[PDB]
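First, one chain by itself in structure tokens, the form deposited in one PDB entry.
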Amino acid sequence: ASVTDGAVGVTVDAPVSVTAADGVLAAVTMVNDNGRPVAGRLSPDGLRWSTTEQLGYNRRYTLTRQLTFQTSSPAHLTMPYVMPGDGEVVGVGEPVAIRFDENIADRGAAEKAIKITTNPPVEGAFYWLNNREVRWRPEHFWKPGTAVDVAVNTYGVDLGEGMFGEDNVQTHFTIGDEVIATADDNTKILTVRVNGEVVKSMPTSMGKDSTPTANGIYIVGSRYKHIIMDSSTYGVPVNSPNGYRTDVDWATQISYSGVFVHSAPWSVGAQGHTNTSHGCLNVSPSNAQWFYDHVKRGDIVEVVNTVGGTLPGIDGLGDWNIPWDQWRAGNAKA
């Protein structure tokens, strides 16, 4: 008796179950609304029947007892979008990210509606970057070869203030080799390591003392063969002292705040010696092209020993700078 006859606002995120005791079944069915299309092909085993098919918004359904009831009529719907993409191979730093097209009032319900399955299994937890986007990651970087399945079962879920999930989404992806590039201001060398071994060293020029490159762990985001770096997009006006408008080749993004690894033919002499940029990691055109071709989304850039502070944990690509105890405690709830 999972629903009462006459009931309204019956939620469609849960199945509709019936149960005996002491007894046996049946003879159980449900119909129909639309439409009249019939039930969820039943189920085993001895003492209980459940829906298979998932129910629509704003329907009557008919279900010894007979039960007629009506499902939720949401005031607002929000669509989730999940990254990374289906079938993608990403680096060891890639969090699962679920972005909604609305601000979510009930973060707890949204987290409960998301099911993440890892093989091999590893513990992880959710943390919100803003009102729209939540991330999930383990305590340490992913083990290479790990397979991940993400089921965002937001359809029928009440997400607070009359807002419901518009659909369910899913992704399955894989973790590739461990790729970690360290930019060390002591040597002005960017070293790329694959599973712990050096495969490439590149002289770099990082942010100058007044606009330094923040230290910390950065996640590789998108890459661009050519792009116009415009400071205004990162809050700083082009005609101001630290402003700029610069055509750049082979640009790999590592922070939403605007740090890239990219081709910097103008600072080749300074690379390895002097920091000249506004925060970017300048390298040679061929080292940048190499980076662009070989480093993938979710790979790691670690910057150490600069005169800067630390990249913010909520940059967008700075997730790994939040200590685990804090990340794990979360910010869905007190």
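Each form is matched to the other, and the largest set of C-alpha atoms that superpose within 1.5 Å is called the rigid core. Residue numbers count along the first chain shown, from 1. What changes on going to the form deposited in another entry:
- A displacement of less than 2 angstroms separates the C-alpha positions of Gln326 between the two forms, with the rigid core held in common.
- In this overlay on the rigid core, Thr310 has a C-alpha that sits less than 2 Å away from its partner position between the two forms.
- Here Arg36 counts as shifted, since its C-alpha moves by at least 2 Å between the two forms after the core is aligned.
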The other form holds:
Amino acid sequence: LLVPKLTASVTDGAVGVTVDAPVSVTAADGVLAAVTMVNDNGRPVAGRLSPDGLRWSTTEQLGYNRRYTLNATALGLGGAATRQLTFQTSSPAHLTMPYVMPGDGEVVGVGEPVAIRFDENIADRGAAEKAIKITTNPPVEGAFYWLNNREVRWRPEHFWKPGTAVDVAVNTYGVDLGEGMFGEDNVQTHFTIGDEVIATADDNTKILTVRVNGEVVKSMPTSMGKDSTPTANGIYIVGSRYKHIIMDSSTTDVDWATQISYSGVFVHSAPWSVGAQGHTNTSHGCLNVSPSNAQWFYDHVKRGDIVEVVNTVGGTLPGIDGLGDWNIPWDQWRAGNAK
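Can you switch from the form deposited in one PDB entry and show the form deposited in another entry instead?
One chain, no partners, no other molecules: that is all that follows.
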């Protein structure tokens, strides 16, 4: 009871040990002289001994399907103790890789959700949500909601406050995502919320008014979808932008095209309907504006800014569109759909 005591974060003979966490060893009544961990080819795992010699931990990722042997020696005024244990890590049936948006270091608008897309259908949505650590500053409540079996989103109840830093750590390596599916790797992203930019298209006036931090900076006459093919009402998140693109219904050479739905709504240059803009809806659902105004939008609106459509004869944009997240009421969004 006077020689050093050694503890570890893993148990001898354990199987299915998950590789999401480092392995640690601690000494009491003594100091660790040396600690090694090797795989079944005798290859060491990197680790670090604290300055005080009381704690050691691994410092790189352990692999799947591996047996590791831990050897530790501790010394203290009461003598020495050397101890050994072996354990075996998870053996996945399959791996899945995550992909996070928005991109790292980006500045985005006040509508931009955090988006985590997997390359496999996730059986245990709750395990995936628990593995995704989102930090906000200033802190704000948000919640997860799945758009489909492969992609989860996170957002606050209200649009983001400009100046908010968002850090996203997708810690899916070594996590069991159900049905033997484990995370292939971790991913991260950090981004910032820029200025509040909200462009409202009112079908009663046929004007698209862009407001930055609440104040009108641009009015644009528009022509939206004709009655046969109306523009849906609702809140749309700004996506990608293209200088020139081939707009095709099977999914008209079009310039200055800013996408606002996965369903194919764009704000774009429509020289052919300039006389109708401000008066008569004429498109297939796109917000047609002048070549000039389209380029203004392309230049001054960024991913994550908002377009709100109101008072059209259409219905509402679906909340699971891809860019329609805000159309899901908060009680529904927050309750989530993990089960």
